[PDB]
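The chain below stands alone, shown as structure tokens; this is the form solved without the named molecule.
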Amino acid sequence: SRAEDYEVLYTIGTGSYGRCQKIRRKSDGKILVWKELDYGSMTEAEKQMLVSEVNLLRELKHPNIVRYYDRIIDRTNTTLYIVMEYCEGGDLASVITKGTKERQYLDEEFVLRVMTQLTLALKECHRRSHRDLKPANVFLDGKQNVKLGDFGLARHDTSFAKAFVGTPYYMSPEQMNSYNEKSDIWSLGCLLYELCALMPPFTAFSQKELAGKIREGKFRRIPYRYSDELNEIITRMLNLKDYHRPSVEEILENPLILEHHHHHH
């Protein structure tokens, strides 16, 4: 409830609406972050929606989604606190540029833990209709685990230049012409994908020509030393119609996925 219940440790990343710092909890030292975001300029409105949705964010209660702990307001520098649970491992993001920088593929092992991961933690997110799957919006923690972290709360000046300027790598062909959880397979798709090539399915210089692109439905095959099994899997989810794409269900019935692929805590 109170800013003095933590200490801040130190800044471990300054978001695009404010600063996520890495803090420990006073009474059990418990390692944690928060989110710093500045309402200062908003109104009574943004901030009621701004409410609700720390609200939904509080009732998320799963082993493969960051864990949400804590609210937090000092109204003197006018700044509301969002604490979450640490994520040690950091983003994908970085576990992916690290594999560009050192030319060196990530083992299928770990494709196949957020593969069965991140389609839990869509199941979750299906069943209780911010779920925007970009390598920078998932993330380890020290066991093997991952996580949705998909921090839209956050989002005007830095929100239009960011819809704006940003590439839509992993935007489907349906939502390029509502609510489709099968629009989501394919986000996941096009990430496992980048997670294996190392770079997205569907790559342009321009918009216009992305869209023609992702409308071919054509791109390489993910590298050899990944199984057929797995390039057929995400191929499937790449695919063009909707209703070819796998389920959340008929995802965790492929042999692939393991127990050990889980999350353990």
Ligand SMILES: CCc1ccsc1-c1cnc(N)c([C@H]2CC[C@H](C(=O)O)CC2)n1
Second form
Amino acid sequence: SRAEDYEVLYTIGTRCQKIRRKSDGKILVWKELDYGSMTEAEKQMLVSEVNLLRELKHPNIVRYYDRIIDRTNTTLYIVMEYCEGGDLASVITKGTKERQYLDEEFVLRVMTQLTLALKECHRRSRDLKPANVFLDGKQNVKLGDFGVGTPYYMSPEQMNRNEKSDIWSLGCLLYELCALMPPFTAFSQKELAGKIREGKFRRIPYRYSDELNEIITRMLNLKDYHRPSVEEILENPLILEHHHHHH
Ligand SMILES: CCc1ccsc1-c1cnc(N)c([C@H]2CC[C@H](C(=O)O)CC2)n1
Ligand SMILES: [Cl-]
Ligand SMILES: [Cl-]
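Mind sharing the form deposited with the named molecule bound? What's above is the form solved without the named molecule.
Below is the whole assembly, all chains and molecules, this chain first.
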């Protein structure tokens, strides 16, 4: 459609902005992309890429609504859902500061809702990292598209040379949610690789049940074939109706 149909309220991060649709005042978000300096090839990839985004409809995946071309300032806007809770990275960062651990109930919601997101991605065949996981205003958890640093979540196989690879990464993410730090830490990737191949890490804090520790521990198995599948994860007695998405 057209940018004039929306009013920017303010910038979230750098560009992403919270916006209001004029027709009904609905609160949304858009992402600004300046293609002015792109080749025709880069733009064709962009077109198809954006095309695959409109296809994905799922409660646990950030919903995209529209693409908007402003050829005058060579900007493409991708209009999406507003997730008022922000991203999971900030939640973990915050926890670290106030030295306050997250509730097991929140960890179970994230496990449940991200596992369902993964199942969808696999079916239709995204980076499983805290910075790419978003919270809305009704306790729902949503996977985003994006989709120098140390690769904390790289799996043993995807580090030598797989859907069980996603399970490892989810393990790393839930582990980091609980402990406020990743299972494996190191100053260089080589040292990191060293620690991963060993497959050893601390138990998540004792405030968390043995059942939660067990499942996260399984996801962190060195053998992908010992890691639980999406199906096996959701059969876990920990996971209850209220841990799923609600409108
Ligand atoms: C409180 C708003 C906030 C703070 C940190 S992130 C964030 C927010 C809120 N709603 C959103 N829809 C999003 C995005 C960012 C861009 C993203 C992507 O790269 O595709 C989708 C989710 N962030
Ligand atoms: Cl602490
Ligand atoms: Cl501990």
